[PDB]
Each structure stands twice: as structure tokens, then as C-alpha cells.
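Presented as C-alpha cells, the chain that follows is alone, the form deposited in one PDB entry.
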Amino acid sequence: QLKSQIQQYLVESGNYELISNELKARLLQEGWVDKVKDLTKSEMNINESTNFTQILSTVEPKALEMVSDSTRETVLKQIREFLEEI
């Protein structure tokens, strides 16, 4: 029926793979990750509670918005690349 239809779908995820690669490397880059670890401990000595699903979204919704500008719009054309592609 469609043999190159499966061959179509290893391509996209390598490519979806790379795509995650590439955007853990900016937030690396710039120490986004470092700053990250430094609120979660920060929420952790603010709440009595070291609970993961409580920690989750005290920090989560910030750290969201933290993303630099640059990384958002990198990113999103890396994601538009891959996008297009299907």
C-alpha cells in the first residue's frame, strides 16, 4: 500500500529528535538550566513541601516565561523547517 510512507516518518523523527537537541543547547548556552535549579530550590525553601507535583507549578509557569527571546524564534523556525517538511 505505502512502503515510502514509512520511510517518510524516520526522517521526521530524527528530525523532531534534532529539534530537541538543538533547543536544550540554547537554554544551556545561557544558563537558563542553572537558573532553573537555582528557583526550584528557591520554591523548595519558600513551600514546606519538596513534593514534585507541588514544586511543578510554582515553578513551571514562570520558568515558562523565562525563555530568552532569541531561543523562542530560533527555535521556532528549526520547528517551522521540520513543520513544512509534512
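Positions refer to the first chain, counted from 1. For the two forms, the rigid core is made up of the largest set of C-alpha atoms that agree within 1.5 Å on superposition. What changes on going to the form deposited in another entry:
- Taking the rigid core as fixed, one finds a CA shift for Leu28 smaller than 2 Å between these two forms.
- Residue displacement note: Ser13 has its CA displaced by at least 2 Å between these two forms (rigid core superposed).
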Given for the second form:
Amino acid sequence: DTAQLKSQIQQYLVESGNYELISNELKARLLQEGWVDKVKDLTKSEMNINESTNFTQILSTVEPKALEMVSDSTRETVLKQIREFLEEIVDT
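Structure of the form deposited in another entry, please, following the form deposited in one PDB entry?
Excluded here are partners and other molecules; the one chain stands alone.
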């Protein structure tokens, strides 16, 4: 049921509208830090050096560097909001 619990989380996350809000906020925030443009320019330039450019391939070279570049403000705000949602949904 471990994989079935994740379905219930994702289920309620989307239906309650929290998925929309968080994905929207996270876009707006990452966009203002210039984190979008920084990650965008890296993927674009990563695409030009290598002829065959597969997503899972460039994911491994861009993802780890991109996580840390997330401003601490943004990362903590989102993590908080996620946990607050989880805290209400998970049972005692």
C-alpha cells in the first residue's frame, strides 16, 4: 500500500487545488530569482554541444546543479507549504 498511499496524497493534492497553487507559486518565484533563465540557458547550451539531446540524459547534468541554485527563501517556503498540507491530510 506504500505506493497506494502516494496515490491518495497526489489525489487530494490535485483535487484540493494545492497542486495548482504550489506549481504556480514555484514558477513565479523561481522566475523572479532569475532561476528560470539560468536553468533555461543551461539546457539550451547543453543542447547545442551534443547532437542527440535526450531529456533523461541532460537531466543528470542539469538537475543537481539546479536544485542548489534554488534560493533558500523559495525552497523553504515551498517545503513548508507542502508539509503543512501533508500535516493536515495524514492521520493520527
